[PDB]
Amino acid sequence: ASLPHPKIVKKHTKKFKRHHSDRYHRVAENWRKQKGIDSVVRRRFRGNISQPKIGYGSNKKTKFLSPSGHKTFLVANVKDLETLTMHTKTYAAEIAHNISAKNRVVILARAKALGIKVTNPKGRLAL
Amino acid sequence: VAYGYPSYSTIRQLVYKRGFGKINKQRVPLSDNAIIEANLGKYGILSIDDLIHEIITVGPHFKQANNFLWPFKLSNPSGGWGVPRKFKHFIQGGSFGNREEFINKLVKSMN
Amino acid sequence: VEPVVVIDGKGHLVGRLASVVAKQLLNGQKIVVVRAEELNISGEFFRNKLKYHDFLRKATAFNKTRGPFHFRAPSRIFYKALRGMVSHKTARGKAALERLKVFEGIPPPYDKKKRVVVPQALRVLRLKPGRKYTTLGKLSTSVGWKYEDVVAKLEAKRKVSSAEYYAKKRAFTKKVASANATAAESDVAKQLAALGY
Amino acid sequence: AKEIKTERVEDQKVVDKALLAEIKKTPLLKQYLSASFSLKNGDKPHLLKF
Amino acid sequence: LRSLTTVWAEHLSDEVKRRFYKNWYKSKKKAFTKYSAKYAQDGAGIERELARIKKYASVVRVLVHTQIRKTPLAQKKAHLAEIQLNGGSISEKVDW
Amino acid sequence: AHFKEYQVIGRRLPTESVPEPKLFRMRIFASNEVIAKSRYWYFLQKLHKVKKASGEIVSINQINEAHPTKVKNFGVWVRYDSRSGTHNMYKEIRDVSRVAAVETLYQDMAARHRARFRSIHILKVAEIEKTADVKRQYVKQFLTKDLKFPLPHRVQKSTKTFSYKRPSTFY
Amino acid sequence: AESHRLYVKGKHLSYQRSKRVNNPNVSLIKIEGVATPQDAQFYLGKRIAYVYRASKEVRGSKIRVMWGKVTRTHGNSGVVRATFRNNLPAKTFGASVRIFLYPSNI
Amino acid sequence: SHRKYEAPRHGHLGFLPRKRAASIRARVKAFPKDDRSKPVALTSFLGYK
RNA sequence: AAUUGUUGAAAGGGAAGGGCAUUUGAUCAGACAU
RNA sequence: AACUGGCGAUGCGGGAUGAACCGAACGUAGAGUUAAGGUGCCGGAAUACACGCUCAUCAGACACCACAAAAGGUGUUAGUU
RNA sequence: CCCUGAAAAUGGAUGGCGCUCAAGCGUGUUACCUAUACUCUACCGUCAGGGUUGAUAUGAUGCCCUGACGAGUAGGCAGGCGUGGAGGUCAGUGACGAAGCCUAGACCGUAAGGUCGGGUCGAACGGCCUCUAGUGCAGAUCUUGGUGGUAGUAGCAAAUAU
RNA sequence: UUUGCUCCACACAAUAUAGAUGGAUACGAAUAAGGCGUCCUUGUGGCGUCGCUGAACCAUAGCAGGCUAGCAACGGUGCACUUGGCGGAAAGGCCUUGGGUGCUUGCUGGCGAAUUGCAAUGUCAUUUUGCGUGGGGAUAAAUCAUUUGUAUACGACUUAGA
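Residue numbers (the authors' numbering), protein chains in the order written: chain R, 2 to 128; chain B, 134 to 244; chain L, 3 to 199; chain V, 119 to 120, 129 to 176; chain X, 99 to 194; chain G, 2 to 172; chain F, 2 to 107; chain U, 2 to 50.
Just so you know, these hints were derived from the structure itself, not from any lab. Be aware that a few hints might be false.
Derived pair list, reagent style BS3-like, types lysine-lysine, alpha-carbon separation capped at 27 Å [as the list claims (entries may be wrong)]:
{"id": "1", "chain 1": "X", "residue 1": "136", "chain 2": "X", "residue 2": "168"}
{"id": "2", "chain 1": "F", "residue 1": "70", "chain 2": "V", "residue 2": "166"}
{"id": "3", "chain 1": "L", "residue 1": "155", "chain 2": "X", "residue 2": "153"}
{"id": "4", "chain 1": "L", "residue 1": "140", "chain 2": "U", "residue 2": "50"}
{"id": "5", "chain 1": "U", "residue 1": "34", "chain 2": "X", "residue 2": "120"}
{"id": "6", "chain 1": "X", "residue 1": "120", "chain 2": "U", "residue 2": "20"}
{"id": "7", "chain 1": "F", "residue 1": "10", "chain 2": "L", "residue 2": "103"}
{"id": "8", "chain 1": "L", "residue 1": "32", "chain 2": "V", "residue 2": "170"}
{"id": "9", "chain 1": "U", "residue 1": "30", "chain 2": "X", "residue 2": "153"}
{"id": "10", "chain 1": "L", "residue 1": "115", "chain 2": "F", "residue 2": "10"}
{"id": "11", "chain 1": "F", "residue 1": "10", "chain 2": "G", "residue 2": "161"}
{"id": "12", "chain 1": "G", "residue 1": "166", "chain 2": "L", "residue 2": "140"}
{"id": "13", "chain 1": "U", "residue 1": "20", "chain 2": "X", "residue 2": "175"}
{"id": "14", "chain 1": "L", "residue 1": "96", "chain 2": "F", "residue 2": "92"}
{"id": "15", "chain 1": "U", "residue 1": "30", "chain 2": "L", "residue 2": "155"}
{"id": "16", "chain 1": "V", "residue 1": "120", "chain 2": "L", "residue 2": "192"}
{"id": "17", "chain 1": "B", "residue 1": "221", "chain 2": "G", "residue 2": "38"}
{"id": "18", "chain 1": "L", "residue 1": "66", "chain 2": "L", "residue 2": "51"}
{"id": "19", "chain 1": "L", "residue 1": "170", "chain 2": "X", "residue 2": "175"}
{"id": "20", "chain 1": "G", "residue 1": "131", "chain 2": "L", "residue 2": "25"}
{"id": "21", "chain 1": "F", "residue 1": "92", "chain 2": "L", "residue 2": "82"}
{"id": "22", "chain 1": "G", "residue 1": "166", "chain 2": "F", "residue 2": "10"}
{"id": "23", "chain 1": "L", "residue 1": "116", "chain 2": "F", "residue 2": "10"}
{"id": "24", "chain 1": "L", "residue 1": "66", "chain 2": "U", "residue 2": "20"}
{"id": "25", "chain 1": "L", "residue 1": "12", "chain 2": "G", "residue 2": "166"}
{"id": "26", "chain 1": "F", "residue 1": "92", "chain 2": "F", "residue 2": "10"}
{"id": "27", "chain 1": "L", "residue 1": "82", "chain 2": "L", "residue 2": "25"}
{"id": "28", "chain 1": "R", "residue 1": "103", "chain 2": "R", "residue 2": "113"}
{"id": "29", "chain 1": "F", "residue 1": "20", "chain 2": "L", "residue 2": "25"}
{"id": "30", "chain 1": "L", "residue 1": "51", "chain 2": "L", "residue 2": "32"}
{"id": "31", "chain 1": "G", "residue 1": "73", "chain 2": "G", "residue 2": "131"}
{"id": "32", "chain 1": "F", "residue 1": "57", "chain 2": "L", "residue 2": "25"}
Given only the sequences and the hints, what does the whole structure look like? Please build it.
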């Protein structure tokens with residue numbers, strides 16, 4: 002029960018990994034553009050890891066939309082869950098990670114009453 | 134360059150398929166006669182066939198008509214260039230130079 | 003089109019036969035080449051012997067067991083000529099070369115089957131008459147093949163047995179042709195003639 | 119994990143019984159329709175007429 | 099050249115049967131039991147094998163062993179070796 | 002290049018000093034009209050003091066052969082620039098048309114002297130109709146009375162990669 | 002009958018490739034019958050199946066099929082181009098392929 | 002640079018590799034070329050040095 | 001974290017690692033259920 | 001040193017291989033046509049068609065490029081006088 | 001065209017196989033193969049030219065239309081992501097478990113990174129508008145600290161002998 | 001060595017497949033020559049015919065190939081047996097006898113198909129293993145340790161010990 006949207010096309014996947022992150026443990030996997038002179042990644046040689054460019058940008062109509070067709074909106078309590086009463090088919094509530102279970106039960110009850118979709122209803126549930 | 138003298142058929146097909154204007158420094162497509170009348174109504178060029186006429190018969194406002202026409206972006210010739218190596222003069226068995234009457238086939242293939 | 007295609011090696015040119023067989027093998031056809039001792043190479047015997055001697059001269063300096071292995075049997079010579087044509091260093095090439103068997107003479111598993119020839123790779127079709135050519139068996143026994151005579155004697159025995167079989171086949175085929183001839187001119191044969199049979 | 131319409135079976139029995147007489151006017155059409163088509167070795171569908 | 103078949107004698111001496119074991123002292127010494135039993139019923143299989151050798155045998159070699167017990171050597175395990183017969187045709191060699 | 006023979010008439014550009022100039026005509030064997038005109042201007046440039054920027058082509062018309070079926074013996078005179086110097090040659094070719102004769106001349110000259118089209122001048126191709134005007138044995142050989150020769154050792158192109166019987170080359 | 006085949010047999014040759022770069026999206030199929038692009042032009046719209054077997058039984062069978070279609074002719078030897086829903090595995094070069102007659106035009 | 006003074010190579014290169022024998026009894030690699038005229042006889046014997 | 005042990009999975013004919021594409025195995029979200 | 005174009009700062013197809021050469025300069029994708037270069041096999045593409053030459057007991061095989069000369073041959077072919 | 005002239009050192013290179021009415025040389029005509037090139041389309045971004053006051057789901061820095069373009073070291077500028085700390089705010093999260101840490105489990109962004117589930121854990125921490133800086137590491141024979149293959153290896157053999 | 005091992009038949013399950021989906025259909029030799037039929041004086045003979053591609057030949061109709069009736073022949077074919085040979089180059093196959101049984105679309109009939117819904121490989125092959133069935137069949141070595149020296153750095157090698 003979400004807003005109709007065109008096909009979600011991801012121009013790229015396989016998260017851009019830092020060069021030599023596989024080779025060296027000190028090199029983290031977060032992307033960093035190579036600044037070296039004789040670098041086969043800065044000079045886009047054939048057979049090397051692709052670099053993030055603006056051309057990979059997702060469609061402005063399908064941007065930020067989850068596969069369910071909503072945009073995830075963080076909620077910390079019922080007061081900010083109520084911000085999605087009139088936008089049920091565009092925004093989906095996502096309970097924050099630091100919310101206690103005895104508050105998440107209340108949040109889930111209120112959201113199911115209001116029709117708001119919660120993307121993480123199985124959080125800290127002691128069932 | 135490869136250049137020749139195009140026939141009326143080549144000119145008409147070019148203007149109909151890849152005819153683009155130069156309205157307000159923007160390359161708009163020659164979709165309706167209204168677009169041509171808006172800009173070239175000063176010179177009497179009222180229709181796309183008016184434009185084709187002022188092109189084929191070099192007329193009083195040929196400079197203006199041809200300038201209004203945007204540089205045609207032609208594809209590669211279907212079926213190749215008919216030659217193993219382009220960069221020799223057409224007289225020398227190549228592709229460039231004054232092909233004269235043979236330009237029609239090349240332009241139709243490249244359209 | 004059959005699962006295993008047996009190629010009669012006699013009269014064929016090594017390079018062209020190998021170039022055909024490599025493409026077929028990569029295409030997936032299982033190929034068994036027989037009669038490798040009577041393959042043909044263009045050029046005269048001394049020229050081809052000099053080429054093979056120049057090939058023999060090339061070996062690893064510091065350890066000859068690591069160098070090129072100069073196989074001398076005709077089957078292995080043709081197999082080397084084909085492995086040079088097939089990209090053998092990859093799994094695709096290894097599967098292709100696994101799909102291939104090369105023999106000298108005709109072994110018992112394949113002497114009862116139908117041997118085909120490749121017209122694009124035949125000496126009598128590709129070489130202009132008057133051009134000198136070599137027999138792979140002669141070249142091999144010159145450069146050190148130890149089994150020319152023990153293969154020739156087995157070829158003699160195989161050809162003798164095959165002649166005994168072919169006499170019976172020819173007799174039975176003549177009987178079949180005669181019997182089919184009597185059934186010709188009949189109603190069903192006349193009806194088949196209009197349809198092409 | 120676990129019948130035919132009677133109307134449908136009667137229409138089939140009348141259409142096929144009306145068509146069988148037309149079939150019988152030619153020698154081998156009934157046997158031909160009983161047979162099932164199948165490409166044989168060496169068949170060229172680009173050159174096989176139908 | 100490839101060996102086709104070997105036909106052994108009915109009775110093998112202990113010093114040559116030792117060649118077929120590494121632990122003769124505790125072995126059951128079963129070598130050639132079900133083969134010396136094949137010489138029973140006038141050795142039909144043995145003569146058939148010899149006939150096949152005559153039919154297809156280009157070179158004939160004989161397995162022999164030394165009576166090493168006659169030597170002063172301490173080793174009682176004899177040596178077995180193939181010596182080629184040079185002489186008449188294959189039938190003569192195998193008959194010999 | 003499957004040449005077509007063109008006959009091209011041109012002249013100098015008329016002026017008030019001497020209007021109505023002298024028409025000059027040439028026969029050029031070329032692949033098409035463009036190359037025909039280019040060769041015409043080349044030859045006029047090397048013959049008289051006139052270049053295309055100073056003259057004009059009044060006409061260019063293709064010549065088709067009078068009898069494209071009757072087999073003739075053309076005698077051709079041709080000069081060419083070898084790797085060291087220029088030589089004049091006479092060769093005769095037995096063919097069917099002037100354009101075919103010029104084409105086989107070009108192939109033959111390229112094959113026997115490595116002379117590309119850029120370094121060959123066709124001096125003159127003229128049909129010789131009387132026999133015994135023939136002087137090259139490779140053409141005198143085919144004028145024999147009641148000529149018949151065989152074609153031994155025929156090899157058939159195979160439409161399939163495998164032939165199932167060992168072929169014979171009879172004929 | 003003993004033959005139930007309703008498809009033309011074919012061999013999966015290779016992906017479309019330059020000298021040193023291969024495009025896995027477009028494969029090449031050599032049909033056993035065709036020997037020229039003129040004859041290959043008949044099979045352009047035909048559906049193609051690569052039929053393989055796996056040890057795990059899913060959706061009722063251990064036989065799985067990757068579908069595709071002929072797209073256009075390739076070369077002068079009757080080879081055809083093929084586009085599949087999921088590109089054929091590179092392990093299936095020289096593997097067998099069923100080119101069905103549907104959709105048909107006769 | 003070339004070897005200043007020539008000298009024959011040490012050892013024989015046709016006896017390589019200088020590893021141990023496969024077994025304590027050396028194999029008779031070759032046998033006399035058989036002819037079918039003389040009577041049947043052995044072409045070797047075993048002894049102990 | 002480097003580094004190490006056991007268990008589990010997988011691969012391994014003189015490196016390992018990587019990119020594109022898919023087969024295979026394992027694993028997983030969403031949606032019809034509205 | 002002069003002019004221009006490049007490489008440096010530049011990846012891509014080709015020249016097997018290479019900073020400079022040939023084609024061509026780049027957002028991410030899909031389809032179509034080509035450039036340079038190629039179509040026996042490795043290798044995707046005609047063991048195409050056509051006319052001739054060459055047999056080397058060190059052939060020849062593609063520009064920059066990974067060389068060959070003066071002088072000779074009754075090897076052979078086409079020519080001139 | 002071919003041959004002699006033509007001699008260099010590890011084994012060896014028309015790229016290799018191999019090729020002889022060629023898969024060689026000279027030439028001609030077609031067909032065909034494919035680049036991040038060309039043509040058309042979609043999308044991302046940039047630039048430029050424009051439309052939009054109507055109360056406004058607000059915000060004119062918003063929404064929308066049209067066209068072209070997109071390589072790049074040194075360098076310049078812009079828009080952003082992240083960290084310690086400060087003012088304001090969310091009467092924010094939290095012993096019913098904050099922070100941290102592990103997580104070939106999930107989602108979002110082209111990316112910097114952001115969010116969620118699971119385990120461990122025990123007491124503080126975050127979103128936004130701004131302010132401030134001792135604010136972002138792969139290198140510096142970097143500093144300190146810790147740990148590897150080498151490797152159960154070199155070796156533990158002078159001075160008489162147990 | 002206490003029901004371990006091998007083989008035979010089917011039964012289930014697992015296991016994968018370099019890739020069944022009518023048949024790999026057997027002279028030899030030359031190509032400026034052969035194949036086949038035929039005749040005789042048997043020859044390097046005569047005569048005739050064929051090639052110009054396997055586009056062939058064989059097989060091919062039935063529930064993925066059902067149940068039934070008859071006609072005409074005494075054939076063709078599968079299967080399990082049986083008889084006798086040939087084959088050692090990687091023989092592991094090729095022929096052959098006899099009857100039994102099954103089918104026979106060589107020819108004429110009778111009944112069934114539906115509904116997998118307009119297609120979805122719509123699953124029919126063989127490769128290995130394991131456990132069961134019930135039926136046979138056969139009842140050892142090697143190594144450590146000790147020992148010798150024809151050997152040896154240690155492994156290894158060569159010996160001997162109920």
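Okay, the hints, checked on the actual structure:
1. X/136 / X/168: Distance ~30 Å between residue 136 of chain X and residue 168 of chain X Cα, so the pair is violated.
2. F/70 / V/166: At roughly 23 Å apart (the allowed maximum being 27 Å), residue 166 of chain V and residue 70 of chain F satisfy the hint.
3. L/155 / X/153: holds, 16 Å
4. L/140 / U/50: It is violated: about 46 Å lies between the C-alpha atoms, which goes past 27 Å.
5. U/34 / X/120: violated, 36 Å
6. X/120 / U/20: holds, 24 Å
7. F/10 / L/103: holds, 25 Å
8. L/32 / V/170: Roughly 23 Å between the alpha carbons, so the hint for residue 32 of chain L and residue 170 of chain V holds.
9. U/30 / X/153: Holds, at about 25 Å.
10. L/115 / F/10: holds, 24 Å
11. F/10 / G/161: Distance ~17 Å between residue 10 of chain F and residue 161 of chain G Cα, so the pair holds.
12. G/166 / L/140: With a Cα-Cα distance of about 26 Å, the restraint between residue 166 of chain G and residue 140 of chain L holds, given a limit of 27 Å.
13. U/20 / X/175: Answer holds: residue 20 of chain U to residue 175 of chain X is near 25 Å, not above 27 Å.
14. L/96 / F/92: holds, 12 Å
15. U/30 / L/155: holds, 25 Å
16. V/120 / L/192: violated, 56 Å
17. B/221 / G/38: Holds, because 17 Å separates the two Cα atoms, which is no more than 27 Å.
18. L/66 / L/51: holds, 21 Å
19. L/170 / X/175: violated, 58 Å
20. G/131 / L/25: violated, 57 Å
21. F/92 / L/82: Given pair residue 92 of chain F, residue 82 of chain L holds - Cα atoms ~25 Å apart, limit 27 Å.
22. G/166 / F/10: holds, 25 Å
23. L/116 / F/10: Distance of about 23 Å is within 27 Å: holds.
24. L/66 / U/20: holds, 17 Å
25. L/12 / G/166: Judged against 27 Å, a Cα distance of about 13 Å means the pair holds.
26. F/92 / F/10: Judged against 27 Å, a Cα distance of about 18 Å means the pair holds.
27. L/82 / L/25: holds, 15 Å
28. R/103 / R/113: holds, 16 Å
29. F/20 / L/25: holds, 17 Å
30. L/51 / L/32: violated, 31 Å
31. G/73 / G/131: Answer holds: residue 73 of chain G to residue 131 of chain G is near 10 Å, not above 27 Å.
32. F/57 / L/25: Violated, at about 34 Å.
In summary, the structure is inconsistent with hints 1, 4, 5, 16, 19, 20, 30 and 32 from the numbered list given earlier, while agreeing with the others.
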